Amino acid sequence: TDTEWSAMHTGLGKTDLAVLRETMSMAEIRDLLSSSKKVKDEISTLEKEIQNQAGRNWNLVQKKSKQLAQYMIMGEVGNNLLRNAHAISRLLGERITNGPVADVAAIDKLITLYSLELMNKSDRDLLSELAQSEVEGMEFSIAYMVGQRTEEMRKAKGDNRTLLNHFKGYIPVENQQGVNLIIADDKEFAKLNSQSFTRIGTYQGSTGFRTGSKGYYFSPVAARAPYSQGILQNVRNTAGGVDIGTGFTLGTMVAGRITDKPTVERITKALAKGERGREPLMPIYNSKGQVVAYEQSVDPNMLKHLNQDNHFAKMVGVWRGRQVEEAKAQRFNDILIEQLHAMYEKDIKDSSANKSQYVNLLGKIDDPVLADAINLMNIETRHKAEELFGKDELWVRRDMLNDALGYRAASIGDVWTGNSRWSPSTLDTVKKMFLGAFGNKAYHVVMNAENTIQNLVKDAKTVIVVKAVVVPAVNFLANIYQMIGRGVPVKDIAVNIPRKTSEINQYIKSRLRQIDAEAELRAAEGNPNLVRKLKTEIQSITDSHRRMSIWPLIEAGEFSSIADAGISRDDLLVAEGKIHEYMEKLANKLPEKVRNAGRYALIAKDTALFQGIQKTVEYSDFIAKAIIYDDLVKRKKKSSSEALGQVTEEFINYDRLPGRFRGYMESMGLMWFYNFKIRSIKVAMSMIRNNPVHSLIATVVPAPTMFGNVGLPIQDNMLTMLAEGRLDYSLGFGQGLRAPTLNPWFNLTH
Amino acid sequence: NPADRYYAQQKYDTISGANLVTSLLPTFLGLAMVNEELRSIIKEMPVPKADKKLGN
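Top to bottom, those sequences are chains A and B. Position in the first sequence (from 1) plus 2750 gives the number in the authors' numbering. Numbered per the authors' numbering, the second sequence spans residues 2501 to 2521, 2529 to 2563.
It is worth saying that the hints were derived from the structure and are not from the lab. Wrong hints could be hidden among the right ones.
To be verified - To give an idea of the interface, some chain A residues facing chain B are shown, with a C-beta separation under 8 Å as derived from the structure:
hint	residue
1	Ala2972
2	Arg2974
3	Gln3058
Stated by the list, open to error - Pairs of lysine-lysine, BS3-like flavour, derived with a Cα cap of 30 Å:
hint	chain 1	residue 1	chain 2	residue 2
4	B	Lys2550	A	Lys3054
5	A	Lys3054	B	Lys2560
6	A	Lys2764	B	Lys2511
Stated by the list, open to error - So these bits of chain A aren't anywhere near chain B, every CB distance computed over 12 Å:
hint	residue
7	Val2885
8	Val2896
9	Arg2911
10	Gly2962
11	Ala3020
12	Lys3054
13	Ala3079
14	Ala3092
15	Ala3103
16	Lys3355
17	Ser3417
18	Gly3475
All C-beta atoms in this analysis are idealised placements derived from N, C-alpha and C, irrespective of residue type, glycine included.
Isolated chain B, as found in the complex:
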């Protein structure tokens, strides 16, 4: 279904900031602490080597 891909591309643009075209950082940071779908994707990303000491 072409609509399934279109919606996902829509969500990627806002995170990348293309849709919203600076106060962009507070909006992204605020969204990362509420959304239950963005957090699931983020938690699987590898931790940077500089933050391995923190263990978070």
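Here chain A stands alone, though its shape is the one from the complex:
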């Protein structure tokens, strides 16, 4: 029954019963569950042995072991929580020591026995019957949990930092499809005026850290953007529910993190006197017994609102399905290392003077922030690098490495804390670029920095216009952020967008005079006086296109793929910079019933507004191609044929991908979300071939839009919240300024 599966999840899984296999046989394990007298008999003799070894420190060991057992079952977090038997033996944070107080193996067997007695009496009865009538079935399930633990333990012992912070007795648990629980500040959430969130509680926190008023917010079942929930989506390998190398927790949800050195030492001496509050702080311990970070816990009561599922058979399949996937991501990095070694070997062999353009990554690094990230690199990749290059050797090209670290010139904050954002100078540059390219009216509504979009529309027709301008605005901004992260300086884009916009606008107006000139030429069959003027007119304006800086793109045909397909009188507005007024003209051609429908209108694919948006989207990609082509030739020193080859491998044709959704459903914004996703796959694939260093750095050095989740509550970006059709946001302040991740391997598989 459904109860037996849930009971087995807490029994075999959450109690870390795989530990007993080290010393007790399978037959002896089953007798423990079927008799409550044996459980109290084993604890009686175990405490006597540990008391002798611990000696004067037996009281502290017993107190910590019981507290950890309470968390393993009821989820309650105490004060100065130690998450495993390795940290309990050293008694971190209580008494200094030069080694383990008692045997780790004996302590581990004691903790799992303490938590076994904490299970409900009704639940323990179910396991007793299964262990006596289902001997064959129960033994296989126990043996399956041994394999899961050994694989998880094989990765934990590699680094000493992750060995002291991993969680004992970890098993995945899945939430309900649709629900979403977040923790956010009360003052900031008030101005959002979201109608899909309700307050179910308040965050008391703790006396160690003082902060503003927070609270819990819950959203009932609905439809969310794809890949935004349901799977872990982390980009770094995990062992025991924590990140490998750093020890930060990722398998569960936390309300925040504190990593600043001056702030950490202020918390440590404040907690010496005492701690009070419903949600204490979990400390992260170093390799020498110091404290390097603090984390804010979550009340276990609020986790009941999520209606989590704890089916034992299903969770094991999810567990093994994630270890296999994480093993492939490590192997991909290993293969990428071999390619980097081959490149270094040939250059040195060709000439001994080529060693002056290589930088040793594992050597001495002068930059302190970069050096710290290298130290916390996964130990599995370090061994592979030392196998080929040699001990403490990793040589990469200097110029290619500099393109991987261009983000930090415009980004501030720490990704691990969860407050990474663009510098204030960068926003003032991007904001002025959007005003020039788009209309002044569109910038005022879409890019308002004080009010959301939904608070500025007070008509049924205006919603149709506003819901259309967003689609090209998001695409325009998503390309700017993507090129900045790939190494393009922010100064090049600022001084080139106004220049390239004028060239495109001039070409459209110049083309209009010569497209109809063919009709004049056909009608000029007669005296050469009209022919002479017509002959000179076409040739005079043709040479104007020859001197254009965008001429090579025009010759290739990509820049003129849709220019010569068709031209409209009202299409001049999109070239001038009147995008907002352009959408109004196409919206007035809709039927009166559809126009007055407000947000319930179902825009058909045959209307003028549907095709008008497609032209604007493809016009925005025209500017992106010009900037990409210029960079690959001016500052990269590549041939003209080389740059054109790369441009054609990063863009797709939108006419081959129509919508394939249900009828009677509003899916105008969801269709464009999938089209943008496909283009991101093509970009990621070309990054691996043309920049091996950036692929390896992206999964080592932390960077904005380079790492996945960090255990904090899920935060959406422009792409995620566009597909849901919501309107309670703005692309100028707070939420909506974040771009999706740029990890090459992550985008390929997720």
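Could you slot chain B onto chain A? The hints should help.
What follows is chain B alone, placed relative to chain A:
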């Protein structure tokens, strides 16, 4: 487990109207015709003597 009792107390408050702090009657009546857990509890309640003639 303290969380088991906390959730049940949460459901009792909404039915009693403490959580929702009038349009409260339509919400309760609408909920009584959809929820499969509240209906099971209600069907065991004794019928008032004035409605014994209806037999429902």
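(message) Of all the hints numbered above, which does this structure not satisfy? Sort the numbers upward.
(response) Of the numbered hints, 1, 2, 3, 5 and 12 do not hold.
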